[PDB]
Amino acid sequence: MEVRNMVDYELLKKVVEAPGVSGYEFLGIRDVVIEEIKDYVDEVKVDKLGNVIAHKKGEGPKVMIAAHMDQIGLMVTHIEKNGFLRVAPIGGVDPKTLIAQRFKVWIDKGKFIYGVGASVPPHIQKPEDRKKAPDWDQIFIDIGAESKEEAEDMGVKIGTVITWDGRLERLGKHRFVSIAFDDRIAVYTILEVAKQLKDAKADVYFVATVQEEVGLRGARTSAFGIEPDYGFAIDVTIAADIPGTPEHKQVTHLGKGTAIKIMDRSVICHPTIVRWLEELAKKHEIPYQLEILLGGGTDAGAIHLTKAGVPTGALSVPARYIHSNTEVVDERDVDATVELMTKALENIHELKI
Amino acid sequence: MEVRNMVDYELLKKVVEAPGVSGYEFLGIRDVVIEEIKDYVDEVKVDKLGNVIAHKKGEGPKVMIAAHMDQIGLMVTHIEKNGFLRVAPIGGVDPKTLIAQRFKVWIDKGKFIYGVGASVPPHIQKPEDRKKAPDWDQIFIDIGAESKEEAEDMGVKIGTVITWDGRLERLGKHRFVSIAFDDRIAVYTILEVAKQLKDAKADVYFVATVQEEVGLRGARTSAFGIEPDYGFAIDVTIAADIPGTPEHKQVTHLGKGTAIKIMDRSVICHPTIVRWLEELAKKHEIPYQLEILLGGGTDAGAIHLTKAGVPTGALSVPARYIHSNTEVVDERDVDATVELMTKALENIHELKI
Amino acid sequence: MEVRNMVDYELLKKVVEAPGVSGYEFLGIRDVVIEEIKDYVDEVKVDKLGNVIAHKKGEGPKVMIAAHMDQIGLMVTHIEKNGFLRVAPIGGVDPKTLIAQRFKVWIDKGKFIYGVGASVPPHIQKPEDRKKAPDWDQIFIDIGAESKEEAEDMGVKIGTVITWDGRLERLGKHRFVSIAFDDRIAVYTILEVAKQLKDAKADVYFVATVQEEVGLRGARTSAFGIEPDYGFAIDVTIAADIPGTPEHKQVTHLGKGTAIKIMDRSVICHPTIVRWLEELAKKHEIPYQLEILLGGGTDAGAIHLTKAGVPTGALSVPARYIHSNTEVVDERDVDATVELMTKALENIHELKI
Ligand SMILES: [Zn+2]
Ligand SMILES: [Zn+2]
Ligand SMILES: [Zn+2]
Ligand SMILES: [Zn+2]
Ligand SMILES: [Zn+2]
Ligand SMILES: [Zn+2]
Numbered sequence: 001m002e003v004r005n006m007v008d009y010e011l012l013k014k015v016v017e018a019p020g021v022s023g024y025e026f027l028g029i030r031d032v033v034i035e036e037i038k039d040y041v042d043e044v045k046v047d048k049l050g051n052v053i054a055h056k057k058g059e060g061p062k063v064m065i066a067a068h069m070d071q072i073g074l075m076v077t078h079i080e081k082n083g084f085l086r087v088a089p090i091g092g093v094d095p096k097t098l099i100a101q102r103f104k105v106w107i108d109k110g111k112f113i114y115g116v117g118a119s120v121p122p123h124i125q126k127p128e129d130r131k132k133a134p135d136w137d138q139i140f141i142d143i144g145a146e147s148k149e150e151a152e153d154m155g156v157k158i159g160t161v162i163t164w165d166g167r168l169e170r171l172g173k174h175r176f177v178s179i180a181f182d183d184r185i186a187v188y189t190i191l192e193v194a195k196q197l198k199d200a201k202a203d204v205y206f207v208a209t210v211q212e213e214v215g216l217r218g219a220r221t222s223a224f225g226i227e228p229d230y231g232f233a234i235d236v237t238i239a240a241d242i243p244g245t246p247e248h249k250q251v252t253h254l255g256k257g258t259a260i261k262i263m264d265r266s267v268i269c270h271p272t273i274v275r276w277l278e279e280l281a282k283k284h285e286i287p288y289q290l291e292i293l294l295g296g297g298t299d300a301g302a303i304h305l306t307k308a309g310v311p312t313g314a315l316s317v318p319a320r321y322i323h324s325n326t327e328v329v330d331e332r333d334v335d336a337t338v339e340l341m342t343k344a345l346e347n348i349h350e351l352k353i
Numbered sequence: 001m002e003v004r005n006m007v008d009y010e011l012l013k014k015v016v017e018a019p020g021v022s023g024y025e026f027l028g029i030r031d032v033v034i035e036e037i038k039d040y041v042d043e044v045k046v047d048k049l050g051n052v053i054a055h056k057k058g059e060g061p062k063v064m065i066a067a068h069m070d071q072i073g074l075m076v077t078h079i080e081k082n083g084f085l086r087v088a089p090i091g092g093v094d095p096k097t098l099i100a101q102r103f104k105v106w107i108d109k110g111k112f113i114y115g116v117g118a119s120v121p122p123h124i125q126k127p128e129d130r131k132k133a134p135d136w137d138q139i140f141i142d143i144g145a146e147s148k149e150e151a152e153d154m155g156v157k158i159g160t161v162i163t164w165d166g167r168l169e170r171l172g173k174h175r176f177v178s179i180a181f182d183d184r185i186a187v188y189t190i191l192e193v194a195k196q197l198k199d200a201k202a203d204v205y206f207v208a209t210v211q212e213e214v215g216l217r218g219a220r221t222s223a224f225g226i227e228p229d230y231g232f233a234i235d236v237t238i239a240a241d242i243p244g245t246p247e248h249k250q251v252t253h254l255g256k257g258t259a260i261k262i263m264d265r266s267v268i269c270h271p272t273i274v275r276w277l278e279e280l281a282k283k284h285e286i287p288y289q290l291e292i293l294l295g296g297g298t299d300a301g302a303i304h305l306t307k308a309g310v311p312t313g314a315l316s317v318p319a320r321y322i323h324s325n326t327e328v329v330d331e332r333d334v335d336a337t338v339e340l341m342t343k344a345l346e347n348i349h350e351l352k353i
Numbered sequence: 001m002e003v004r005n006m007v008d009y010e011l012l013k014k015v016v017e018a019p020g021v022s023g024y025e026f027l028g029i030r031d032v033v034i035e036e037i038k039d040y041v042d043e044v045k046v047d048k049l050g051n052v053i054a055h056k057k058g059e060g061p062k063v064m065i066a067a068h069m070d071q072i073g074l075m076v077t078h079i080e081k082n083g084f085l086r087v088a089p090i091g092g093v094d095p096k097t098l099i100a101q102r103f104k105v106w107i108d109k110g111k112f113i114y115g116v117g118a119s120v121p122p123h124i125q126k127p128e129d130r131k132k133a134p135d136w137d138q139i140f141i142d143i144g145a146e147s148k149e150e151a152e153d154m155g156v157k158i159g160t161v162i163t164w165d166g167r168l169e170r171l172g173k174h175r176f177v178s179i180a181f182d183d184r185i186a187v188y189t190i191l192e193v194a195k196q197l198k199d200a201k202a203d204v205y206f207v208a209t210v211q212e213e214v215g216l217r218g219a220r221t222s223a224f225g226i227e228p229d230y231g232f233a234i235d236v237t238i239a240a241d242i243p244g245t246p247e248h249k250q251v252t253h254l255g256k257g258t259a260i261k262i263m264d265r266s267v268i269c270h271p272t273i274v275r276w277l278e279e280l281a282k283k284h285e286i287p288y289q290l291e292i293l294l295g296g297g298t299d300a301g302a303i304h305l306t307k308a309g310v311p312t313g314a315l316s317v318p319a320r321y322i323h324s325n326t327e328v329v330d331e332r333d334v335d336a337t338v339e340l341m342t343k344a345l346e347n348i349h350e351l352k353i
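Chains as they are written, first to last, in the deposited numbering: chain A, 1 to 353; chain A', 1 to 353; chain A'', 1 to 353. A prime marks a further copy of an entry chain.
Hints are computed from structural coordinates only; laboratory data are not their basis.
No false leads were mixed into what you were given.
Given that identical chains are not distinguished, each listed pair holds provided it fits within a single copy or across any two copies.
Derived pair list, reagent style DMTMM-like, types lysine to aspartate or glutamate, alpha-carbon separation capped at 25 Å: (1) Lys13 with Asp142; (2) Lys343 with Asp203; (3) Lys157 with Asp241; (4) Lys201 with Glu350; (5) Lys109 with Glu350; (6) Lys256 with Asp8; (7) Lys173 with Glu149; (8) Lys282 with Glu150; (9) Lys282 with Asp108; (10) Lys307 with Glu350; (11) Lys283 with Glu150; (12) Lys57 with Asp31; (13) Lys256 with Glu152; (14) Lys157 with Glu80; (15) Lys201 with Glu36; (16) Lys352 with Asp47; (17) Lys45 with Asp229; (18) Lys198 with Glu35; (19) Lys256 with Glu80; (20) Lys148 with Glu285; (21) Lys111 with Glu152; (22) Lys96 with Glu17; (23) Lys81 with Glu146; (24) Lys111 with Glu279; (25) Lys249 with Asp135; (26) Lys283 with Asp203; (27) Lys48 with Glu346; (28) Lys38 with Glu17.
Assemble the whole structure, with the sequences as input and the hints as a guide.
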């Protein structure tokens, strides 16, 4: 569990279990996040996009910290005549992982039924048989209903209703958390920062955006008013020590320290900030890694689209996986990000250049 | 839950949760099965192959009922230098389903750690990328260990250690059980029969074989002494109402009644028995379906390999799925099999021809 | 030569040179094996299948040790009009290795002529040219005859007549034997065990089966009466330290210690026995390796098909190769198997569970 106690098992659990997709019946997560942040922040407001803005009052430059909380999911597009639930693809999800088992379909907030639809109708052809990759039709999920009417009675209606579902378990008693890696974590890092934030050298606005994995632009909207005068965002992706993988990708992750995003698809970290963070980490002896991604966009990049033209830095939590099959995290990694980020906040007054 | 109460939720749960692979640390299931059967049978003995033989004393022909309890699993073949656990294929498992999440690796009886290894190293090629089907190398499972030494310390040793793992949930509040379909169910049907068996017109030997999904022959060995003078075995497979599927396969399953195996890969049900069971079902108004399989072998077929040359009939529980992604069952189906089988037992004296 | 003297050079030579295929003109090997075993066993009998049963009299459980001695070969199917000898495929032989040179065609016991037929008629096509893999027609062997009549005069008649042929040489003066790996070796291990067997805690029946590489079932027949009450069989296969080979296969063999078969295609070693042997090896400080195979069947598995339902363990001699091109063995490996097996025999009384 809390091997280092750096990450509370309870906080990680509450956030990871909460449904993803704010504003959606999965919105329970939105309420949860604000439930705890309000205790350590002067106030929290809900934006039009459902974005949550936490306001830390202090003197200094406005630093915006943005964490994404869109997670991933699947949307039912219609009900088959056989009472089977169909699904529509979402982005940030790989069809190859489609679904293997246990899917949570939310009929309503607090009302969900287990559904499975890991298998898609077999293709015809001995070679196509080899093709185990499902077609764009994706896969279908069965609510167990026998008729479309029954499915409707179940309360299944068009609109994203299904979430990946999973369980938080500890892998490697020495360290490592399961589905804690995406979804929540960065949000967890933001919560921890607020908790340990005492002397505010600079006031920090915490913004949790939605639709970050898809429609990241919406996240930018919250960033628009809060992100002015600097901002940081935390998303994570990793090529990590996998067999058959070249060293060039292994360097992407090592399961140690933390990762500072040198550049991403949408944000080329302002060199001073990237370089500066590196300096800061060494001074405090905080472990860090330099990670560059060839693809993927972060909310930080979205912040870069603000008309303010504010530079953005990014922090990364190494030990990335994809949500569909895994989401292993490094306990140290979550801690490393929080520690580095917290110190950086005070330093930001000088750090702002 | 017990919508019809035909299948107790508790009994189904205990059997499905028990690990699969008797004699193996998964052997906990073996003990469980005998734990309950001993109360309703005069005695239970453990064979050399770990097969369990329940002896119902009565007067009449010896009828052997055989249920398989091998389930499916994966075996670690070695420990990678990176501390990753590797796996070796088992039979009755489809690589395409490989593993999506949460895998249970048993270090010892009662000691297991969660492991994940749903993803296999990406292939090189834009088209091979489409190929989402993993190679024979199969997939690898990470125990979260960082070093082979650590993995060994974890207690991971060569030998099948991993089980699919899953959770028993109710799908369709109207009916349907998740991972209850394979593994346990038929065994459950056998237990229920014993429980409701009161007046024994004929003595019935209940044999639970192991290595049925693989090395079905071993199951035959138990059948060798017990199966003499008739025997029945229950395994299940279904082509069931799936979209894009031709009607010719839909007829295989309908999620109603039960299924009598007309013929399988290894057993051509003795026509009299198949026909006879049909007659019996109609007389008692028990729903039934005639199912023929083009492939797959049942333990009943294995019984057919006895030197006695005893004919074997087979009962099937419709609503088949594969263990890797699903295992939906029909509550009615479990009930239908039990009801039909129980009545058949007494009728067997006349029925034996 | 006898670097450790663990394996006599003379015994290895006599067995490896003897022709393979008992009952066949290659049957000379059958006589040889019984020639030496009779001196250390109370008696030897020839079964109907040509199987040889050695009877070690002692008190205790009956332990059956089975070694295969079918080797591999090729059968002439007809005589071409050009006087060329044709061949039919055998199983356990890879066409790709077909034949490179020097083939021994037995016209009669003690009468053989050298024949070559490493090349098969070239295919037509610049790309098919690349295909160096011969077709199912396999390859043809020339007895040097110019006419079918001459070939017949030579005494070439339909029926497997040809053996791979080879020479026993020492590779690596430090250790390693050539064509000693398959064919003979396990048989050699059985002979050595009998020789060093003095105090018989348990009586051991030694059975040498035939048609093990093909028609392994026949081997089971001898096992049927002798294998009752436990049995062990030794066959070998290796993925061994080959370049371009992944570590996951390298672990299969290391050219050190011996290999205990955890599971094979047909036998899932009884866990207690596998585990037990491991315990025994450590106690006596005998080197061992755990090897699992994804394919291949061993005679031990065949023993598992006995109606007795007797559990079987298996010992493996690492450093496997295929008979067609190589058959390198580790001298230590042959010794390790013998040492471990001999101690196990006495322990078997307690070991039997
Ligand atoms: Zn994501
Ligand atoms: Zn993310
Ligand atoms: Zn199965
Ligand atoms: Zn089954
Ligand atoms: Zn061979
Ligand atoms: Zn062999």
